[PDB]
Amino acid sequence: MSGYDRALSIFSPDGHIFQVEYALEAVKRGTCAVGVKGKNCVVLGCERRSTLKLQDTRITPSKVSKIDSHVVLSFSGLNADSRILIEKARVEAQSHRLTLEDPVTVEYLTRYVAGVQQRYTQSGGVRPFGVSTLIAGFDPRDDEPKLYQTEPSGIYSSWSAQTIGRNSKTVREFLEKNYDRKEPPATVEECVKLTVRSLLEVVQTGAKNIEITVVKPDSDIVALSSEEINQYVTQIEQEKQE
Amino acid sequence: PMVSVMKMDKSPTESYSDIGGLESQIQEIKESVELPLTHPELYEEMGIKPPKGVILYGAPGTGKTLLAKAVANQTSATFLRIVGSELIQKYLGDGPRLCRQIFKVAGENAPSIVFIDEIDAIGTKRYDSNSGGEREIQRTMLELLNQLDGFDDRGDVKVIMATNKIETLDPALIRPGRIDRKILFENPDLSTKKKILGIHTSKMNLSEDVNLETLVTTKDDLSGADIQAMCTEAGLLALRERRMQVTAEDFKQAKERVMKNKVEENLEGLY
Amino acid sequence: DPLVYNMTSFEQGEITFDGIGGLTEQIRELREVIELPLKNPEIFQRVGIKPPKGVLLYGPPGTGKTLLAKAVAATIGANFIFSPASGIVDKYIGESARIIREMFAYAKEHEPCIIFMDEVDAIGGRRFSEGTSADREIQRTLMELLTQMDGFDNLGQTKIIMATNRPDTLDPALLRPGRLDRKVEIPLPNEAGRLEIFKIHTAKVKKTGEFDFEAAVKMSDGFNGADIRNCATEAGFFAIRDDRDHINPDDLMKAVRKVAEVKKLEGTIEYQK
Amino acid sequence: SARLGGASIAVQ
Amino acid sequence: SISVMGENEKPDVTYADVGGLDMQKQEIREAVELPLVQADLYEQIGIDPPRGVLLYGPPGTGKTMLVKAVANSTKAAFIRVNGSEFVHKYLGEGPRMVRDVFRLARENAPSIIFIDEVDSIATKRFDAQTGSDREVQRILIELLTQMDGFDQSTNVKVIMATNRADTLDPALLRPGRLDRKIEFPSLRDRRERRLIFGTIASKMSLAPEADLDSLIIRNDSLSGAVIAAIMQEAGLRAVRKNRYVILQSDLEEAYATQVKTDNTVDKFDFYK
Amino acid sequence: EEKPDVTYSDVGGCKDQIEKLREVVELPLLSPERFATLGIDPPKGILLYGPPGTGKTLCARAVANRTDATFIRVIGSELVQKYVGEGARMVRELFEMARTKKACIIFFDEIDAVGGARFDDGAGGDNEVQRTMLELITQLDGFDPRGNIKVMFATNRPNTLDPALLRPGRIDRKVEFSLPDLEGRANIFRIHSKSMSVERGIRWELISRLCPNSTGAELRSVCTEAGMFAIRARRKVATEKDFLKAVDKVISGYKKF
Amino acid sequence: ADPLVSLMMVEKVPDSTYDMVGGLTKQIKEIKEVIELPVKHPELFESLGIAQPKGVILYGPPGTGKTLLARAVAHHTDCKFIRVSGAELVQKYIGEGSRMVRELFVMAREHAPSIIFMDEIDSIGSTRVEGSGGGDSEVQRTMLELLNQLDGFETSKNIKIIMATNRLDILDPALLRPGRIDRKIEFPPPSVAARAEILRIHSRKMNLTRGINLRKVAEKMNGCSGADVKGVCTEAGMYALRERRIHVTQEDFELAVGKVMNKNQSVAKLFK
Amino acid sequence: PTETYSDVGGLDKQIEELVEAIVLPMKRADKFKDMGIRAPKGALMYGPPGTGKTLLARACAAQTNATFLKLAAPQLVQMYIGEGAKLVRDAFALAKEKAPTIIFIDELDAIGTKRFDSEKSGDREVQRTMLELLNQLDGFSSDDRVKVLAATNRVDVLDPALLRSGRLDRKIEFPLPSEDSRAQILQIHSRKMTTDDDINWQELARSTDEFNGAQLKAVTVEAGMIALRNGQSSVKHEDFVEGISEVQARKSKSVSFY
Ligand SMILES: Nc1ncnc2c1ncn2[C@@H]1O[C@H](COP(=O)(O)OP(=O)(O)OP(=O)(O)O)[C@@H](O)[C@H]1O
Ligand SMILES: Nc1ncnc2c1ncn2[C@@H]1O[C@H](COP(=O)(O)OP(=O)(O)OP(=O)(O)O)[C@@H](O)[C@H]1O
Ligand SMILES: Nc1ncnc2c1ncn2[C@@H]1O[C@H](COP(=O)(O)OP(=O)(O)OP(=O)(O)O)[C@@H](O)[C@H]1O
Ligand SMILES: Nc1ncnc2c1ncn2[C@@H]1O[C@H](COP(=O)(O)OP(=O)(O)O)[C@@H](O)[C@H]1O
Ligand SMILES: Nc1ncnc2c1ncn2[C@@H]1O[C@H](COP(=O)(O)OP(=O)(O)O)[C@@H](O)[C@H]1O
Ligand SMILES: Nc1ncnc2c1ncn2[C@@H]1O[C@H](COP(=O)(O)OP(=O)(O)O)[C@@H](O)[C@H]1O
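Residue numbers (the authors' numbering), protein chains in the order written: chain D, 1 to 242; chain I, 166 to 436; chain L, 164 to 436; chain s, 117 to 128; chain K, 157 to 428; chain H, 201 to 457; chain J, 130 to 394, 399 to 405; chain M, 176 to 433.
Treat the hints with care, as some may be off.
Each computed DSS-like pair below joins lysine-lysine, with the alpha-carbon atoms no more than 27 angstroms apart [unchecked claim]:
{"hint": "1", "chain 1": "I", "residue 1": "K417", "chain 2": "J", "residue 2": "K334"}
{"hint": "2", "chain 1": "I", "residue 1": "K358", "chain 2": "D", "residue 2": "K193"}
{"hint": "3", "chain 1": "L", "residue 1": "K436", "chain 2": "L", "residue 2": "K426"}
{"hint": "4", "chain 1": "H", "residue 1": "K282", "chain 2": "H", "residue 2": "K220"}
A few chain I residues that face chain D, going by a derived Cβ cut-off under 10 angstroms, partial list only [to be verified]:
{"hint": "5", "residue": "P276"}
{"hint": "6", "residue": "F316"}
{"hint": "7", "residue": "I348"}
{"hint": "8", "residue": "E351"}
{"hint": "9", "residue": "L355"}
Think of the hints as simulated: they come from the structure by calculation, not from any bench.
Positions of the beta carbon are idealized from the N, C-alpha and C atoms, including for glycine.
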């Protein structure tokens, strides 16, 4: 359908445009995810839907996905479409760093990758990106934490925490309860036990299923070890005693 | 006279704490029925009719009946259990006349109401009616559709029904002049499911303590009612024992089993 | 049913063969087969034939086959029924088909008597593997017919003839000889074959002029077998409209020329083999 | 009467 | 109540008035009447008898007739039934029509029944989305259980007949219900046609001064019902010339009379 | 029969047809002289239709109280299609009641299965349904042009009715009715939820903003469910947010089919 | 006093038992798991106070060993048994169907305990309907409720139904659920070891045979059914009966096995 | 009423052609019945609604007078029918006493059922009764000035019974009019009401588009009213402009950019 504006073009009598609300109506069937920014840190998390203990543990294509030392990306739903956005973002990173002689912001990044989708839904012979993503990390030489959520309609809206995909509405109500714009968590381990605990309702205590990074000033990026995670998975359950 | 055997007077068993643990709708009938007759002057404090009628949405094997089993004692007043299959006759006009009479006893049974099921026999938005027969079936509807709303001064009644699928079957009879509202059951949440089953096996051994909280998960969209099956499948698995002995693995062997029959989709696109 | 007790209208009435043209050999191909069992049946037993059972026609419509379907009535004096292959179906399943058993028996209770059946393409399908929810109904309605003429129920001393304008699409199981043991095509004839048909109308009405056909009929390479009765009356239709009530060969020409192009604008649709 | 209803029919 | 037939009528034909298909003229025998007549000899070994069968093939080929002589030679009770009357206006008339026939068989057993055609009421799917076409399936299900449900009978089973043999359910096409299937192909093999022409011809008037091999080897792709037509029509190639006994050229004048219509239907504009 | 007692103030809604139903109810009745100079008695008799309970009933009822008009309650399939002997015999008595009666109107409803479809020559058929239909068609044109009586019919669906009897001279017009805009949605809370324990100073359009295409009589239930929550609080009186919680339950909680 | 007429279906067993049902020993073990509980320590789950299971479905391909279990199980009943064959669609006077079923239980309620039976309710099974289809769907609508909310406190108390069908995936999902059913159990085709037994058992009464290893035939023959093999067990005798040697051989099994499917049998492998 | 032959426009072409097909049914039996040649026994014909076919039908009876009773197939649809089918067969020998009166049936046969199959529900009793009332009938060239007939919506959908097309096939599609015609039709429907003559229908005659004959009667009956909708005894004639579009009302609601 070179051109042809099949039904993406056809507005509705209600006003909406069918194939877009359809998209993120499809996104919720995929693995959840989550983001948090506390006082000085920023945190992310995902899951692995249960395999038969064959889903290759070593080189799995994961949910966190770096861009540089100071930015990452997590997402939800479709996967073959995820891999190109991850590419034609970090492309612009190596480019932006070059022809401006200094690295990216994040308010420069979410604008791009939230503006790109609009071209993949306001053009001909194109299907949208049936996907929803979020950005996370600091600007250079700045303590400030930021994450931005974006979705296929093309809008980007900052947050302090947010979840995407499956059973998020079973979750985010837990976070608005605990997390508050009053006062962050102090530091790293605080966010995590708060972060992980929120998942547990959809988790069946599969500690293997869930995978986590953090983000810190001076781009001290890292992913964490299942033991370090699992020893949070238990002591948090030790607190269940009532 | 004709319905004395149809005239129920049974005192059934079921109640709260015999319920599995729904909460979000246990009230709303007492809204529909109880707060009306418990204290109908507040209707006048609001200056209104407290509402009439109720239909249940499609929740096959969810509790679409059990509240009828629930109310039967908390009701604290009279009641009927009718159902649509009985309405239909080897003769022509002997059916619809029934609806005219049975409200009189309902008039005689002032603080008395009814539950109905199986109305999908009736609620049908397709009445070409080539025959002479099902024209009566339409005639079985009209007088009742009339007898319902043709009755005013429902100071005491609550004529209610329920089914498993409506969105393609029932007429556009819906009018607050006739029927007001419609309330839904469907599959539960995890913590909803969590309220369900130790309370069942509370009346049962648990030889050993087997942390059921990690047994089930929200991902497996169980019925609400494969679980009394679960609770007894394992004792069946001890019926596959001389041991009358409780084990987690028995539940493990069951949900693996029963869901071998239950459906499963392809995670093709990993969507 | 009483409906079988309604169709029979003109079971005998003779409109003989002199009132027909063009078909002096088809009828030689047909006076052969039908009358002989019903005239001198021992010949096929003289010689050892399993006698025929079933004939049909084919060719485009408005051509004179239905006349032939009744012109045999004149020869016999014996009985006849007329009936379509359309006004059979109804809502209640089987009621359409039960009738078929009702009627062949009704033949047996009074004969020599035979059957006609129009437009059988409606009951003339190839039994499909896939179908709608209902089109297989006629197929099960059909095969009763497929049965009864040659089924386990033996039969004799009755005959069927059918006709279409679309020989194709038919279940070959019908076309098994034994269910009908000779075919024929009635075409639009040649000019001379179109010429007897021209004059039979003059043979009745008051002619006035000499022949004046061979050039008139030079235009006759286009017509059907039945538009000419219109043409014949159409001449006097307006020969008289000048209040000239004694016809001529002057006025038909305006008619016979006229009809061709008003016929042209929706003619020559198909021919069906 | 001496009867009640019962029937069947095609749709198209 | 459904009917039954004895000696009011018969089909008035014979094994001798038919010929060919001889291997089918014995497989049928051992299933039906030999068990009815000669019982002990295999009850020496007491295996359960084979039972009613199916028999298919292209239209004609005696798919409907072979019954007729064995019917004449039945020595048991027998019917005259086809398929497309089981249906009725009302609903339960159908299944009610058919439960009792086995009772009628059993009330008159040992015996057997027949159907001339069944493919109308036997298909692969038991289609669902119409109030009509289930009520036929009920007619299928009921015999499917009355055939080999609990305690059916001594009898042999409902003898099928079709023009086709793929449309219909395997649940009916399997042992215990249709323990034998049969094909009736013609193929124009020369081992048999040199009889059955003569079989059909010997019964009838014939001039012993006449060719007969003028066509047999000359034609090789033939069927079984049409051939009566040529040596039907051969007589009609005579009386048109008021001849009272046939001649040799009648068949040659008849050879292409019935057959030779090989191919002219839109040859060039077929596919290209 | 002689007083419906329902006003223009009772009606919010689109409201505009009533000045068009203010056409034939008056000039035949009061003043043809406005049109006597050109085609006197120019209107002859009209009809109504609209989807269910869009005030199609209430509209004509809104004006029978006006003009001292005196209409009927033996209506539709209710009281003449069910208990039935010589329906026209009542109609002969009806016009016998109406032959000299003044300031009165015929009107009735339900006419889909009454005289809308002619049974299509099936469904068992009925003849008294037609004869009393035609028996009107006899009494119809008796003196109506020179006379003063009016005629009004109603349908949920006009084209679902019978067009056979629409021989003009016998019939003039069929006017439509649909859902109103917000303003028709506005002045109906001013009557419906008026008669309830509610607080004052309350804006009643945001709900109108947030209840698109929809008829009127369900708002009565929205009222019926509105006053349900101070209850639920064991509180007393209606807020406005109570609507908003209710509107969430009943529109997107109803559109699911 | 005495009950209605149409319930003659309460009646004695046929000739069958648990020797002639070989192979699927774990299945039959289950079908009395629903039977031994309430009877052999009824107070097992009752005095353990657990729950009371109830009726079941069993499906599979056609001719796999359903029905004989359903009858042979009655042989070892210690209870009462009934029958149906699709007669519940006696639909003239439409309500009579509903009358027919409500009577069906109350009688058994009078005569309880009584396990009961169905077969091929594939007829009754579905509910998806738009413009036509009713006139039976009532009778499914009622029995579904006949077990629930009016008698449901005692409806499925001590009546213990079963049900036997094909094609479980077309009818309602309402029916298969834990409500009214327990175990959607399944009859696949047999295994190589299974088929030997099932060939050895219809092989009983044949003859004083010899020189046989009756399993390699199973190795000649893939998963077909444990129902058709009596077929190949049958005509093996017939083929020798055809030539009058009452004594038998392995040669015939080699033949009759090839009799069935080689005649019951497209190179467009565009795929790899 | 005894309105003229025309009442419709200047369609002399059809009517002055048509009844030439009815003179012989009317008269002319001197040599016609001495020629004995074909006689259309009721010129049944067609053309969908919108036309004055009823008027062309009835106005032709202005010369051949005919009592005002003309009942149709919707009279032939009742419970356990056939007494209605009795009525039709008796209908003509009834009238055959002494009358050139001729009634006018009207048939929308499958306007109640579907037509997915061309094999169709050619209605029960009409298809039966129409035969005998047509087969066994003559007019005698006096007191039978025309022959009873009917008409239908569309000549594609019928199961032609015996002699349904044998002789009785005289039929024309009424050609829908043109601007020279049209403006003189709407003139007729204002012969009873006068207006400002500043703009003739001849001015309108180019402004028409897709207007069949019947609905044009829905023009001045309103546009005569749309004037006195504002109570002008002097009828204006631009109310046509904003009333003609009321055929479907245009949903004209605040044209945004136009
Ligand atoms: N939360 C719960 N509380 C109590 N019972 C439950 C709960 N969840 C499931 N059940 C079980 O579900 C079954 C009820 O299913 P459901 O009431 O939906 O069907 P039903 O209404 O009986 O069907 P029908 O009325 O159409 O016969 C009961 O056996 C009950 O034990
Ligand atoms: N081999 C044969 N021997 C003798 N007669 C034959 C033979 N083959 C065909 N015929 C003749 O042709 C006719 C064949 O009828 P047949 O029994 O084939 O009907 P059928 O077409 O098979 O029925 P159906 O269409 O239901 O299958 C018989 O009437 C018979 O006279
Ligand atoms: N294990 C077995 N032992 C002995 N015979 C068997 C066995 N399994 C199947 N059979 C044979 O299969 C037949 C039973 O078939 P089955 O009951 O599976 O089909 P059905 O249920 O009658 O068909 P439907 O499923 O349509 O009702 C019997 O004749 C029986 O001899
Ligand atoms: N050969 C013919 N001789 C006389 N009339 C004919 C002939 N062929 C057709 N017709 C005319 O056709 C009409 C009916 O012919 P019919 O047998 O029905 O042909 P078809 O079946 O093709 O319509 C009659 O009016 C008849 O006058
Ligand atoms: N603008 C309005 N003002 C007052 N009531 C209205 C308005 N619109 C709709 N209604 C409601 O619509 C209903 C009309 O009912 P009715 O017309 O008799 O039903 P039907 O149209 O099915 O005959 C009344 O209950 C009335 O309260
Ligand atoms: N050409 C025309 N000139 C004048 N009036 C017409 C014309 N066509 C239709 N009409 C109007 O339509 C009506 C007649 O239509 P009619 O012949 O009955 O068609 P139908 O039979 O489809 O109703 C009359 O009211 C007449 O004024």
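So, going through the hints one by one against the coordinates:
1. Taken as a hint, the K417 (chain I) and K334 (chain J) pair is broken in the structure, with Cα atoms around 46 angstroms apart against an allowance of 27 angstroms.
2. Using a Cα cut-off of 27 angstroms, the hinted pair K358 (chain I) and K193 (chain D) holds, with the two alpha carbons roughly 25 angstroms apart.
3. Annotation: proposed proximity of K436 (chain L) to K426 (chain L) holds, straight-line Cα distance about 21 angstroms (limit 27 angstroms).
4. Distance check on the hinted pair: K282 (chain H) and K220 (chain H) sit about 34 angstroms apart at the alpha-carbon level, beyond 27 angstroms; violated.
5. The beta carbon of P276 (chain I) comes no nearer than 41 angstroms to any beta carbon in chain D, farther than 10 angstroms, and the hint placing it at the interface is violated.
6. Among the interface hints, the one on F316 (chain I) is violated; its C-beta lies about 40 angstroms from the nearest C-beta in chain D, farther than the 10 angstroms criterion.
7. At a threshold of 10 angstroms, the smallest CB-CB gap from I348 (chain I) to chain D is about 21 angstroms, leaving the interface hint violated.
8. The interface hint given for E351 (chain I) is violated, since its Cβ lies 15 angstroms from the closest Cβ of chain D, which is over the 10 angstroms cut-off.
9. Checking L355 (chain I) against chain D by beta carbon gives a least distance of about 6 angstroms; that is within 10 angstroms, so the hint holds.
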